[PDB]
Amino acid sequence: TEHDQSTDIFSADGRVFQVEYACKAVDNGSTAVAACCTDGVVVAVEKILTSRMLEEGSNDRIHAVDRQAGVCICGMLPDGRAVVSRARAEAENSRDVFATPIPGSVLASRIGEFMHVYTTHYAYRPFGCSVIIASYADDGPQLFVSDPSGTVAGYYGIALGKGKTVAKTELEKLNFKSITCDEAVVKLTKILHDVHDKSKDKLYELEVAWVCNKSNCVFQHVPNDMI
Amino acid sequence: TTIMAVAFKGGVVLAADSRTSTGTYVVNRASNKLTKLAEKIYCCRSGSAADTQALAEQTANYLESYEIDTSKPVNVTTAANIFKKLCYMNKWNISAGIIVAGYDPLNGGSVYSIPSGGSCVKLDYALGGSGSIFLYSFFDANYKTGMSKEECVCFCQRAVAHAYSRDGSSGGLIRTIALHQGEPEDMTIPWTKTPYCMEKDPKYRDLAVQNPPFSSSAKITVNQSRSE
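Here the protein sequences come in this chain order: Z and W. In terms of this note's numbering, the first sequence has 70 at position 70, counting the first letter as 1, and numbering is strictly consecutive. In terms of this note's numbering, the second sequence has 96 at position 96, counting the first letter as 1, and numbering is strictly consecutive.
One chain only, chain W, in its complex shape:
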């Protein structure tokens, strides 16, 4: 799994891959890991599918009740706090890394990270899942604050493509959603139009020379392609 969320000027972008696997076999190649918690607040889910589905549903139930009781739309910080409490009270019996992100008019676009263990950290961007390890350096080199909404969608699509080209446990579609004061905008990129993969990178077209033909010299040239 590869998940992330990034803040921009006046909102957030969430992104993910679409693969669910038992280790070496793909059970679903088109999962949806961006889960809605309220009109402008979403989470990204990693770890056990069963545990994350169950805690997202419970968090959403509590936010809907709260919103009816106050007659106002909820803030991102309230969703993060409710979710944190469920992750922390159940930490020994679950496998879950969560990112909560969204837009509200008090604080604008906000991103919170809730990793294994149940801590809660407020950031400018967050990464999660098996594929995150491949992206720390990509962001350290190429991320800046103050990107526009279109810059930020394009950047997150590229980041997800890099992680899934190297991580065997990630793959498939790239899903994104952008949250701001207007309406939410979702997008799905198919593998055939991915912005990066190893299979089409020209520096990996020519094969390594592992199988040189039997020769009278120690010079290494080409791979054998036909029987002698």
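Same shape as in the complex, but just chain Z:
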């Protein structure tokens, strides 16, 4: 069992255990959900509070990375913040060098590449976060997830963290072709209130954001009255 001490070693079965362990940190974190409508994309996440004395906005998990795109972090927040910085730099590079807003599919593939490189070298460890990427540039609305292995995929709806098995069940009873961004906020918030476990985590709040036609394809937090 020396094979699980660094990310630069395969096990006999063809696995990389340090990356699996990093994934377990995401699976024990707070729940997130997201949905891709015909207008846009909506993201929502549960924040577990550690004190009743925090200001509002503390330890935000959702961050803008360009005018038209945003990221939500699951698992370890300071690791997520390092990925947010990288993503900001790739979006700026696309505007400065190629004179375009970065397409959603390209942004997700660069984030994946960046995360993968920390699974290859004896001197670094894998990130302990999964990132939800939400974008609306010239390729339409797009929602992607990148995990600690650096694997990247596109979704119509998705859930992450410790409530994900149940939350997935409830996202399967939505109609993705038809739904608008105002309905979505009500349904997504409901799923998150229902999976919350009241024994373990006593204090919590919800954080919600979107990018859609209503907002002029600007990625932003929803106004706190719509919850």
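Everything labelled a hint here was simulated from the structure, so no lab data went into it. Treat the hints loosely; a few may be bogus.
Listed next, the in silico DSSO-like pairs over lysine-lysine satisfying Cα-Cα at most 30 Å (straight line) [said to hold, decoys possible]: (1) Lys72(W) / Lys149(W); (2) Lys219(W) / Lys177(Z); (3) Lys219(W) / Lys214(Z); (4) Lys24(Z) / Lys214(Z); (5) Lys177(Z) / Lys24(Z); (6) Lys168(Z) / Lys200(Z).
Using C-beta positions, here's what the derived DEER-type ranges look like [said to hold, decoys possible]: (7) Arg86(Z) / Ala208(W): 35 to 41 Å; (8) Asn223(W) / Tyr156(Z): 34 to 40 Å; (9) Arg226(W) / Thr165(Z): 47 to 53 Å.
The following residues of chain Z were derived to be distant from chain W, with all beta-carbon distances above 12 Å [what the hints assert, rightly or not]: (10) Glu2; (11) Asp8; (12) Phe10; (13) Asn59; (14) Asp60; (15) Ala123; (16) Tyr124; (17) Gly150; (18) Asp182; (19) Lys187; (20) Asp201; (21) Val211; (22) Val218; (23) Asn224.
Think of the CB as a built atom: it goes at the ideal place given N, C-alpha and C, for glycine as much as any other residue.
Position chain W against the provided structure of chain Z, taking the given hints into account.
Chain W in isolation, oriented as in the chain Z frame:
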């Protein structure tokens, strides 16, 4: 400076702009660059104002004496020859491009060009000054022999307006004079009634899109006009 002369059936038209400048500042906005050498012979002057004023005055002095000694009006070829000789003998110490043009009953309307260096060439039209370079193509495409006196005045006004809309060293009034067997006819057009300028051409009304607003698309549309 933009100067020119064109022959027509039975005479010539001379035309010019009215600007004199030190490079980027306008010292006189109403100079007169059509200078009289005899009753029906004029020159157009480009280059150093001091040099062209001095050689025009000397040429005129010699023509007046010649006319008294023979008791007849002088021919255009005599004025061109006298002027050529002064330009050629002084070529290393002056900056001058001259056009001599006029009417006489032996040869009709004649145009001579005397560029830097002091050569002398007899032509159907001549161009001179910084602005001439903009007009070679305008004449190659739109000039014909045998125009009438009124056609030719209108054509030269238009030619001067095109050159001065593109050349920073030309501008102001357009002055013309027409020389034929009758009396000389001078005309001055003010800038406000110019027959062409870029400022009123409809293909240059809409501004280029250089300052597009910050957006979620790569489509280019309009310039930003108000703060966000």
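Do the hints match the structure? See the list:
1. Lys72(W) / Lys149(W): Holds: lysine 72(W) and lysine 149(W) sit about 26 Å apart, inside 30 Å.
2. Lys219(W) / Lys177(Z): holds, 27 Å
3. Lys219(W) / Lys214(Z): holds, 19 Å
4. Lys24(Z) / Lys214(Z): violated, 37 Å
5. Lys177(Z) / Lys24(Z): Given pair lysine 177(Z), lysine 24(Z) is violated - Cα atoms ~33 Å apart, limit 30 Å.
6. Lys168(Z) / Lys200(Z): holds, 21 Å
7. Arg86(Z) / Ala208(W): 35 to 41 Å: holds, 36 Å
8. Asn223(W) / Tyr156(Z): 34 to 40 Å: Distance hint for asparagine 223(W), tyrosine 156(Z) holds at roughly 39 Å.
9. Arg226(W) / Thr165(Z): 47 to 53 Å: This hint holds: roughly 51 Å between Cβ atoms.
10. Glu2: holds, 51 Å
11. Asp8: holds, 41 Å
12. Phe10: Holds, since 43 Å exceeds 12 Å.
13. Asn59: It holds; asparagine 59(Z) is separated from chain W by about 28 Å at its closest Cβ, greater than 12 Å.
14. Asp60: Label holds. Min Cβ-Cβ 22 Å, cutoff 12 Å.
15. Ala123: Holds: least Cβ distance 39 Å, greater than 12 Å.
16. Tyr124: holds, 35 Å
17. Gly150: holds, 27 Å
18. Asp182: holds, 20 Å
19. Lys187: Non-interface label on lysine 187(Z) holds, nearest chain W Cβ at 26 Å vs cutoff 12 Å.
20. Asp201: holds, 36 Å
21. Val211: violated, 8 Å
22. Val218: About 7 Å separates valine 218(Z) from the closest Cβ of chain W, which leaves it inside 12 Å; violated.
23. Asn224: holds, 23 Å
Against the hints set out earlier in the document, violations occur for numbers 4, 5, 21, 22.
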